[PDB]
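Q: For this one, chain B is given, so just place chain A with the ligands on it according to the hints.
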Amino acid sequence: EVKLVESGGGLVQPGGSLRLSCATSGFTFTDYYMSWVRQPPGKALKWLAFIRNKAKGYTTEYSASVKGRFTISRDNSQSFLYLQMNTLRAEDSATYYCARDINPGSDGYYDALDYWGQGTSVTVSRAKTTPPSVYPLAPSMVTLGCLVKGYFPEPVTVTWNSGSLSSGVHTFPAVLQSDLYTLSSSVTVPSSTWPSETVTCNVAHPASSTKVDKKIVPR
Amino acid sequence: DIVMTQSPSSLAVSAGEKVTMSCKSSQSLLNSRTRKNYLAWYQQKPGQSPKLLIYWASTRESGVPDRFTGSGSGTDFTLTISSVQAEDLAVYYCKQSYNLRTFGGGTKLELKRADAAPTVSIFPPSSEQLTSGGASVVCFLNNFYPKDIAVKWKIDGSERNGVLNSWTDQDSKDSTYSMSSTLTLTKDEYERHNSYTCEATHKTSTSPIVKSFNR
Ligand SMILES: C=CCO[C@]1(C(=O)O)C[C@@H](O[C@]2(C(=O)O)C[C@@H](O[C@]3(C(=O)O)C[C@@H](O)[C@@H](O)[C@@H]([C@H](O)CO)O3)[C@@H](O)[C@@H]([C@H](O)CO)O2)[C@@H](O)[C@@H]([C@H](O)CO)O1
Ligand SMILES: [Mg+2]
Ligand SMILES: [Mg+2]
Ligand SMILES: [Zn+2]
Ligand SMILES: [Zn+2]
Ligand SMILES: [Zn+2]
Ligand SMILES: [Zn+2]
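First to last, the sequence lines map onto chains B and A. Letter by letter, the first sequence follows residues 1 to 52, 52A to 52C, 53 to 82, 82A to 82C, 83 to 100, 100A to 100G, 101 to 126, 133 to 211, 219 of the entry's author numbering. Letter by letter, the second sequence follows residues 1 to 27, 27A to 27F, 28 to 154, 156 to 210 of the entry's author numbering.
If we strip away everything but chain A, and leave its shape as in the complex, we get:
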């Protein structure tokens, strides 16, 4: 039972700025013989496997950029990134190996950037789906910032249940988010109406972005 805790749980930093994150162990990870701290740092980018950054609390693993620095001792450890880069977007985990192994809960590092308006696209159900009796209408809202965004579905002018949304992880190069919205109907229901509208509301404009089609 060695309890590992990290802080903060999440934060966002602009490219070029310094980043500091903390890791605490419920007891010392120090080997008195060697004076080595059994504390390691791992980086996990969206959709990737964990990657070793730092071990012995302060030793940089081969291939790791110099901007990454580990320090601390005893029960308190820090991971520091100077000049954060867009690609540094990740969850960072500390891990003690003094007594078996235990990961902390991780720190989620996101990247702050300039506000960006979404590019919105609407897609009608495919004929192959309609043939089976189903009718999914899809809206993509791509490459925006910040993450906060509202999608409104309207059918024949009346707002519309049956809506499922999904956001991507932040983009590793341009630090934008994207989002998908799918309104699923029956074919019978789909054929009752003509106009289908996807309205995006984002702080980047006072007016909703409106995309639509007629059946």
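Okay, chain B solo, but in the shape it has when bound:
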């Protein structure tokens, strides 16, 4: 199976630099052009750059929006794609995807971005990294939740019982206020499984390397 995994995303100050990376496998890396694409929260996809394959001599191209500021490159020995970003600004805040681009030299060639990574998030801001506080929300069925309050930057991840509980989960999009995000997550289970059975929310905040497990106890 083809696999693409971005990394390198985090918080960076206005004017700063940051390099993203993209690990790939499941296909012959050098046969393919590779692209970076970004998407600011709530906005459209934006193609940024590509780097051609070996047959094309690995030449590069950029959108006018990042030309002269960003650099795309590839390490063919271990099949990595890179994006060096300099002179970053708020408008550059976004999730960045790497995508497998074309192979013109194949008879089966067709023109599209046929595989995408999960994306890595980038925030350009002077504001400080702040870990979340994670609070339990407890009162036929019963609804519980976790409040993930006052963190920066995005993102965080929330699971329930290590992902075992995934049905009847609602994670509400974060809301920014005074340089800090807050988000909540709800879960609904049968009244017979709580409190008689443990319910725990698991919260991670990569930028502060925070890992939290919070059990929901009645009260």
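I should point out that these hints are in silico values taken from the structure, not numbers from a laboratory. A portion of the hints provided could be inaccurate.
Computed from the model, here is a short list of chain A residues facing chain B with C-beta under 8 Å [said to hold, decoys possible]:
| id | residue |
| --- | --- |
| 1 | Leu27C |
| 2 | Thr28 |
| 3 | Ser43 |
| 4 | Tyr49 |
| 5 | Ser52 |
| 6 | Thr53 |
| 7 | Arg54 |
| 8 | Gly57 |
| 9 | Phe62 |
| 10 | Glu122 |
| 11 | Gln123 |
| 12 | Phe134 |
| 13 | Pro140 |
| 14 | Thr163 |
| 15 | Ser175 |
Derived coverage of chain A by chain B (criterion: at least 3 residues anywhere in the stretch with Cβ under 8 Å from a Cβ of chain B; other residues may be distant) [stated by the list, open to error]:
| id | stretch |
| --- | --- |
| 16 | 15-25 |
| 17 | 86-96 |
| 18 | 109-117 |
| 19 | 183-192 |
Each residue gets a CB set at the ideal place from its N, CA and C atoms; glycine is no exception.
A: Structure of chain A with the ligands alone, referenced to chain B:
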């Protein structure tokens, strides 16, 4: 500079119905040699990465349901979904690859369904938060339709600043929305009053849904 534009910006369709969306390029994407149009369609579901649906304007990517069809040529292209399904909720992007790549602004497809009343739950501040001097009161309004909804916070009978709301994306299976409302107070302020009330007003009833607790 190839400018890509899509239409409509958004729309809502009932399950089972046909959906049509448009994409325009500022110039032809047609290779005269091959007569291939360098126009692709991508689907992006809430919280997911973009996924290839159609390329060469009309070629369905392997694994894509038959209900998805791409057509058009030159500067005008269409994506058609027959029998839209609840899971089709997404933003759809067209993209030219004739000269580098350029995405359109996207079409947001939402799903129309029968009106559904919210299930409302209120939650008092946790003791762990109170210990640090803060006091957040949370209200969940889950599984309703349509999206439009009002939340009223009342403390000791008096409506209440300090309120932040957040709506989920539409649900992929039941096409409902949910919404969270958080009233953040200081502990000192929280301890001054007894009754905390979350009032939901939705078209599904003439009477507000009222959830509350006493401190
Ligand atoms: C004047 C004739 C040029 O070449 C073509 C033609 O019919 O126009 C196209 C050839 O296109 C390729 C190839 O090696 O197959 C691939 C091209 O790729 C890219 C690019 O690298 O910028 C990316 C694509 O997604 C697409 O945007 C195309 C453009 O639409 C232009 O084709 O560009 C590109 O790398 C060219 C390269 O410039 C050399 O032509 O090559 C190729 O099919 C030839 C054919 O082999 C001989 O006629 O026709
Ligand atoms: Mg493919
Ligand atoms: Mg739901
Ligand atoms: Zn060039
Ligand atoms: Zn295919
Ligand atoms: Zn008061
Ligand atoms: Zn009072």
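Q: Broken hints, numbered, in rising order?
A: 1, 2, 5, 7, 8, 9, 13, 16 and 19
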